[PDB]
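Undergrad: Go by the hints and put chain B with the ligands onto chain A.
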Amino acid sequence: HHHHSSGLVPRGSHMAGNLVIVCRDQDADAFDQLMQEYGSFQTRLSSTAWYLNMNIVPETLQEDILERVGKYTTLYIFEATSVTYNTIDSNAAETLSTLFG
Amino acid sequence: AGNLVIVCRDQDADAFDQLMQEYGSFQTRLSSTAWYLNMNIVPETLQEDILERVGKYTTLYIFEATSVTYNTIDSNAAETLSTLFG
Ligand code: NA
Ligand code: NA
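Line by line, the protein sequences give chains A and B. No gaps in the numbering here: position 85 of the first sequence is 71 in the entry's author numbering, and each next residue is one more. No gaps in the numbering here: position 74 of the second sequence is 75 in the entry's author numbering, and each next residue is one more.
Certain hints may be false.
[Stated by the list, open to error] Below, a sample of chain B positions facing chain A; criterion: calculated Cβ distance under 7 Å:
{"#": "1", "residue": "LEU31"}
{"#": "2", "residue": "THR34"}
{"#": "3", "residue": "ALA35"}
{"#": "4", "residue": "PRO44"}
{"#": "5", "residue": "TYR62"}
{"#": "6", "residue": "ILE63"}
{"#": "7", "residue": "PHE64"}
{"#": "8", "residue": "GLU65"}
{"#": "9", "residue": "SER68"}
{"#": "10", "residue": "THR70"}
{"#": "11", "residue": "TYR71"}
{"#": "12", "residue": "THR73"}
No wet-lab data here; the hints were simulated from the structure. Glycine residues also receive a C-beta, built at the ideal position from the N, C-alpha and C atoms.
Looking at chain A on its own, in the form it has when it is part of the complex:
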């Protein structure tokens, strides 16, 4: 079973807010430093994209990030309602089912 999907459901330890944060390549390392502050509630999907399970209004996260990295920084924050994904890595798959619900 390498194909998976989740409706990112709030119930139990899965918070209601499901966010996808994307930056530009040039800011990858700075966004990662910042995302690590959210602990086990985020995971890095690529050098420039993260998933965050947290009850935070997107515009508020945006103001927070711009205050730290600078107001001329490019970023995109989406509220997600589902995820469909594929991985070949057994270790990444268990992290992800847990993080996604």
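TA: Coordinates of chain B with the ligands only, in the frame set by chain A:
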């Protein structure tokens, strides 16, 4: 339509971007490894399509999005999101 965010690993960036071209003005590239797509497509169908063309061991994530907030230097992304997202 539906609002999708597609993310791959850095190793696959060139292959994904070639493939995302078929969606024309309905997609915009946000970074090397992330795209926004405005299209009426089932996410598992998009996923099966991608895996058939890039390889079945490829890592990918497809999110259905219900809102976006952004600040950007990329004129194509600003225009595509502000016009198509809703
Ligand atoms: Na939220
Ligand atoms: Na096809």
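Undergrad: All the hints need checking, so say for each whether the structure fits it.
TA: Consistency of the hints with the structure:
1. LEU31: holds (5 Å)
2. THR34: Result: holds, 4 Å to nearest chain A Cβ.
3. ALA35: holds (5 Å)
4. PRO44: Cβ of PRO44 (chain B) sits 4 Å from chain A, so the hint holds.
5. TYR62: Result: holds, 5 Å to nearest chain A Cβ.
6. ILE63: Since chain A brings a Cβ to about 5 Å from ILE63 (chain B), closer than 7 Å, the hint holds.
7. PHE64: Interface hint status for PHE64 (chain B): holds (4 Å vs cutoff 7 Å).
8. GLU65: Holds. Min distance 5 Å.
9. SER68: holds (4 Å)
10. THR70: Cβ of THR70 (chain B) sits 5 Å from chain A, so the hint holds.
11. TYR71: holds (4 Å)
12. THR73: holds (5 Å)
The earlier numbered hints are all upheld by this structure, with none contradicted.
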